[PDB]
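First comes one chain, alone, set out as structure tokens in the form deposited in one PDB entry.
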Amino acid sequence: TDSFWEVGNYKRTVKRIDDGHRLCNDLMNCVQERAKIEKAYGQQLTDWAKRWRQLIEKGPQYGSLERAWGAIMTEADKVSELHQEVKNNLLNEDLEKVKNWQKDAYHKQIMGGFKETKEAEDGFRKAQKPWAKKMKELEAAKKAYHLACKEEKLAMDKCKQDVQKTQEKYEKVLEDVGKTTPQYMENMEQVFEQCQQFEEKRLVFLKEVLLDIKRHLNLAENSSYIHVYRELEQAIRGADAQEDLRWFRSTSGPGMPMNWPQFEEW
């Protein structure tokens, strides 16, 4: 009853066509939303780097340790930058890739749906029509047979002569679907198969696009990411306690020059 082969149930295959277009929509929003998220994190990082760069500067921390601490603000700028690159790929490549695929792939016609949906719809309607008509008729038949046996019940007459003519109409219409069935089957097989081909393009494209996206997301492949931490670490390792102590000593402590009191005149 639910089977493809019953009248009208080819519609699921048709519905699927409409679906693909919408599914391009869904994916495009998916990416945009993702990019928004990356954008927010890069943004919040630069704001932070900017806060702290300024607070370290203005503040009493001095020396190489001021610079080491400052370096973290340098990672936050770099990382921020990588996330903005992610956002820009997501948006400029992948979304535009999908936008383009959809545009060239579905055609709004007039009205009034996509052209690729209607072609399928018309193909199925044409493949199912003789058959659908035979199927209504075969239907009408059985009951007239289901109407001439049961009839024999009370009057049991032109009764065994009306079994013998509704039974043969029925039997003959039956014989005749038997005959139209393999064409009816060949014909469905074709529209359907043209539908698989279209859907296959879309799915093949999807798989490619997902991969594009994985790549634009994978910060941890890229050398730059691995490098910002190689570089942060060595900057901190650069800081010397003893260095800043000596610096304070000579610029602010006992190491400063003094003009020791002498004799004066005038």
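For the two forms, the rigid core is made up of the largest set of C-alpha atoms that agree within 1.5 Å on superposition. Residue numbers count along the first chain shown, from 1. What changes on going to the form deposited in another entry:
- Relative to the superposed core, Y145 undergoes a C-alpha shift of no less than 2 Å between the two forms.
- Once you line up the core between the two forms, the Cα of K103 stays within less than 2 Å of where it was.
- A rigid-body turn of 7° separates the smaller part from the larger between the two forms.
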The other form holds:
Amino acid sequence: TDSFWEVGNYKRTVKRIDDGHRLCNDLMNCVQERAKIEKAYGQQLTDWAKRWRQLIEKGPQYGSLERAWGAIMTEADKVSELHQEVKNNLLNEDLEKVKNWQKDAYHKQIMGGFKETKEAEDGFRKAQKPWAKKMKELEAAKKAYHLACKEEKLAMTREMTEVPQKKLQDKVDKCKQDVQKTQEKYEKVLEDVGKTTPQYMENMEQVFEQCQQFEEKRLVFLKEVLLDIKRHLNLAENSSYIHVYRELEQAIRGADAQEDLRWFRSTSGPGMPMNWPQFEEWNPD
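Provide the structure of the form deposited in another entry, given the form deposited in one PDB entry shown above.
Chain only, nothing else included.
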């Protein structure tokens, strides 16, 4: 019933074309929204770090420990930088890649809807035109034949007593002649059909196969954008990402309790210089 081969069902193939352009928008929007997220995460890391740096040194912490604590903001900065890069990449590489591909692939007609869709609809319409026509011709004939066959059954039931009369057998005559004429036309229409079906199928097939090629360029491309995105999202394939954590561990393992204690001593404790009491002659001078 809903077979591609029944009149008009090619439309489902045509509509895939249109769809193809929406899916590009879809994917571009998607990538955009993802970038907005990577960026917000990034920007909030930046804020937090700035703030903590200011707080930390505007506060009482001193020494190597101050530095280790400080070291944590430095990962916040480095990790913020990484997300910004991701955002930048999606936007300047991915979005652009899809935008560029789409505008070269789908050409807008000033009427509206795409030149490519139109081209495909026309081609199918053309391929199916003669064929759709015989179809209408055949059914008419099949029906005429069936009608004739019915009338004859009737005349026959009619002969099977009682009231010159000769007009009745002259009806069963006219009806066997109708069956014949009618059967003949039905058969010839059937024949032209069988004669034009190999060509109908070659024509549909060429159009179909062009549309398949066109969706193939799209799908193969899509698969490629998808890997690109995955490559841009994956911090784990960026050698930098482990550096940020090694560098922090170091800054932290580098802190020394006993180094700081001893600084304090010389800076605010017993380690500081003293002018011990000495005698003073009275000169007022």
